[PDB]
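Colleague: These are the residues of each chain, in order.
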Amino acid sequence: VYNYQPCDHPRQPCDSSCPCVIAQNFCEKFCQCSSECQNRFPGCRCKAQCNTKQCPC
Amino acid sequence: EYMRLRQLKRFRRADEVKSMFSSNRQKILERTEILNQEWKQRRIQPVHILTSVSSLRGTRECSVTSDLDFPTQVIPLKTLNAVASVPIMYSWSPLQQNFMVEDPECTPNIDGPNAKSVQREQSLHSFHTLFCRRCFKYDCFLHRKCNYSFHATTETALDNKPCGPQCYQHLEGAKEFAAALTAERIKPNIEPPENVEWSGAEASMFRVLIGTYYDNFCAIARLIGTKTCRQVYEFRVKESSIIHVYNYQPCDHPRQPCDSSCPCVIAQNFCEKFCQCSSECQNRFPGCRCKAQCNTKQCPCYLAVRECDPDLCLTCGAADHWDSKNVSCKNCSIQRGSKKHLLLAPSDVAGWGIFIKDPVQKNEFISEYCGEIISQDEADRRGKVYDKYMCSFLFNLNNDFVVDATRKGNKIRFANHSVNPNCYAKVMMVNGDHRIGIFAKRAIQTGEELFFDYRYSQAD
Ligand SMILES: [Zn+2]
Ligand SMILES: [Zn+2]
Ligand SMILES: [Zn+2]
Ligand SMILES: [Zn+2]
Ligand SMILES: [Zn+2]
Ligand SMILES: [Zn+2]
Ligand SMILES: [Zn+2]
Ligand SMILES: [Zn+2]
Ligand SMILES: [Zn+2]
Ligand SMILES: [Zn+2]
Ligand SMILES: [Zn+2]
Ligand SMILES: [Zn+2]
Ligand SMILES: [Zn+2]
Numbered sequence: 429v430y431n432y433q434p435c436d437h438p439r440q441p442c443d444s445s446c447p448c449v450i451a452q453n454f455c456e457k458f459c460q461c462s463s464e465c466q467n468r469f470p471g472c473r474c475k476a477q478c479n480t481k482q483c484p485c
Numbered sequence: 023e024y025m026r027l028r029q030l031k032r033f034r035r036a037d038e039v040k041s042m043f044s045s046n047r048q049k050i051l052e053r054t055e056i057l058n059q060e061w062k063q064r065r066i067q068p069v070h071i072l073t074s075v076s077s078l079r080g081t082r083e084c085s086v087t088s089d090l091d092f093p094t095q096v097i098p099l100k101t102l103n104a105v106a107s108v109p110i111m112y113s114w115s116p117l118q119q120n121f122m123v124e125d126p127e128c129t130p131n132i133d134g135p136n137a138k139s140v141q142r143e144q145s146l147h148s149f150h151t152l153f154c155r156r157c158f159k160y161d162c163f164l165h166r167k168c169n170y171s172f173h174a175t176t177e178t179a180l181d182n183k184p185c186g187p188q189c190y191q192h193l194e195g196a197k198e199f200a201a202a203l204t205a206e207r208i209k210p211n212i213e214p215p216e217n218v219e220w221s222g223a224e225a226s227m228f229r230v231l232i233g234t235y236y237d238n239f240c241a242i243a244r245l246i247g248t249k250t251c252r253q254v255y256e257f258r259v260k261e262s263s264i265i266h267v268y269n270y271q272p273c274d275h276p277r278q279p280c281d282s283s284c285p286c287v288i289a290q291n292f293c294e295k296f297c298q299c300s301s302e303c304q305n306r307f308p309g310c311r312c313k314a315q316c317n318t319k320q321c322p323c324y325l326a327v328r329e330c331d332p333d334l335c336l337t338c339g340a341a342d343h344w345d346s347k348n349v350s351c352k353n354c355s356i357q358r359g360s361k362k363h364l365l366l367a368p369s370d371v372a373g374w375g376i377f378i379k380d381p382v383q384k385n386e387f388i389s390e391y392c393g394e395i396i397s398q399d400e401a402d403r404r405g406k407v408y409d410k411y412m413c414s415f416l417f418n419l420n421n422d423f424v425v426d427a428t429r430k431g432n433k434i435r436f437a438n439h440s441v442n443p444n445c446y447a448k449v450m451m452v453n454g455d456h457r458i459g460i461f462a463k464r465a466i467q468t469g470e471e472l473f474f475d476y477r478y479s480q481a482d
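Chains as they are written, first to last, in the working numbering: chain L, 429 to 485; chain S, 23 to 482.
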């Protein structure tokens, strides 16, 4: 597991041509890609405590 | 020989049919006598059958030509006023859920005076062969599986003191014998036992209940009739001396856990509650700890395109308030069966069309495309039958499942087709079964006919 290296490419999907995809890592807030990026990690909507395997994180 | 017997049988049949015809004729004569008496009770108004008028409206006249030696009578045509027609359609059976289409004999009854003892195959085989654990039904139509069953085939405290009547524990030196005989099943009862006759039904019920309650005596005597606890221990002692998404098919393999040797792993499906694996199974689906509405594309349920299992997704809203309106979680509408009202009217394009009564926002549940579940070959046959008159309703649900709503469906069967659809359908796995839901592509207006693109289905 590698640290999330940000990618900056507006109006460009991250799919087979992005370092985040090559590293099997999600685009984070620091990534400057489109807000509807494919690899963007959806914020988990836990009620609390985020300690069950239920949360994707 | 054979010819004589055949002739005798033919003569007997002829006599029988002659007598039957005579009797039926007598009955018919009586009924026609009373019928003609009723007919002659009142006469009819004189129908002179006048020849209307002589060109009252000055229209065309009928040239009724008599082929015999008679003149051609003339009569003006009295035209009949027109009546509005209705588009053609066939009858169908209303339906809400799915309906799949197929494509020494027994132990006596404890009910009634007749009874005996059943121990060849325990005492519980009528209610075990027929089972549908998914929705708790007997011989369910929804799940007509292989059904291997056929032909109708724990710590607790000791009951100290004689609760109510005399107890088996209160007997002098019986508990150690009980411990001994359960130890071997992996002072003591020296007093002679009583001799009381026991009915076959009572014995069978006692055996069945002892198969579960085990050392419990007070409760098993309470449920049974009479059945003294000392006598219960007596029978217990006597018996020892005497002797591409697929359906979520449940897994019950005890040879190995669910890992490369399970149908669920083969079908890449989460082991739901009906699976008989360990509670810590790898394929077990973690629930949602979602705050509300379960519509974040992230939600593992939404990522997996799945519904919310009531036994797993607990705080999400898939279990609380079962008998109420739509729950907080928006990924449970199809499971509850709640949809939007639809209407039927002549379509502005062709034939009939479904017009929704209320507006639907973007990605909002409207209806479920239910009907009759048929196999792929059965789907082909049904589609050919329906297209014989150039109208098909076949839809794709799973890899080997097809929903058809021609002879049995809902109002959502009449979906119009347009290059700019106002609705779209997606398949979601609800409680281990696959269902088709109807969703609006845009904020459709009130009363507009719903549009559905047929390219997604097998038939476009
Ligand atoms: Zn990128
Ligand atoms: Zn990205
Ligand atoms: Zn990125
Ligand atoms: Zn998170
Ligand atoms: Zn968290
Ligand atoms: Zn979380
Ligand atoms: Zn069922
Ligand atoms: Zn399994
Ligand atoms: Zn399983
Ligand atoms: Zn399992
Ligand atoms: Zn969820
Ligand atoms: Zn949910
Ligand atoms: Zn869920």
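What the hints contain is simulated information worked out from the structure, not anything from laboratory work.
Keep in mind that the hints are not guaranteed to be accurate.
The calculated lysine-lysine pairs, modelled on DSS-like cross-linking and capped at a C-alpha distance of 25 Å, are [as the list claims (entries may be wrong)]: (1) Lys-209(S) <-> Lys-481(L); (2) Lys-475(L) <-> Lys-362(S); (3) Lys-475(L) <-> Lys-295(S); (4) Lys-183(S) <-> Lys-209(S); (5) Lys-481(L) <-> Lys-457(L); (6) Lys-379(S) <-> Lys-313(S); (7) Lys-481(L) <-> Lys-183(S); (8) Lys-448(S) <-> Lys-362(S); (9) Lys-167(S) <-> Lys-457(L); (10) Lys-347(S) <-> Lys-406(S); (11) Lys-352(S) <-> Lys-379(S); (12) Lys-481(L) <-> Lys-463(S); (13) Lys-183(S) <-> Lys-475(L); (14) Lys-384(S) <-> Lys-410(S); (15) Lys-352(S) <-> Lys-475(L); (16) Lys-475(L) <-> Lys-347(S); (17) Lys-448(S) <-> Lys-457(L); (18) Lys-138(S) <-> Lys-249(S); (19) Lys-319(S) <-> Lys-463(S); (20) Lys-410(S) <-> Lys-430(S); (21) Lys-481(L) <-> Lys-313(S).
Colleague: What hint numbers does the structure not satisfy?
Modeller: Structure breaks hints 1, 2, 6, 7, 9, 10, 12, 13, 14 and 17.
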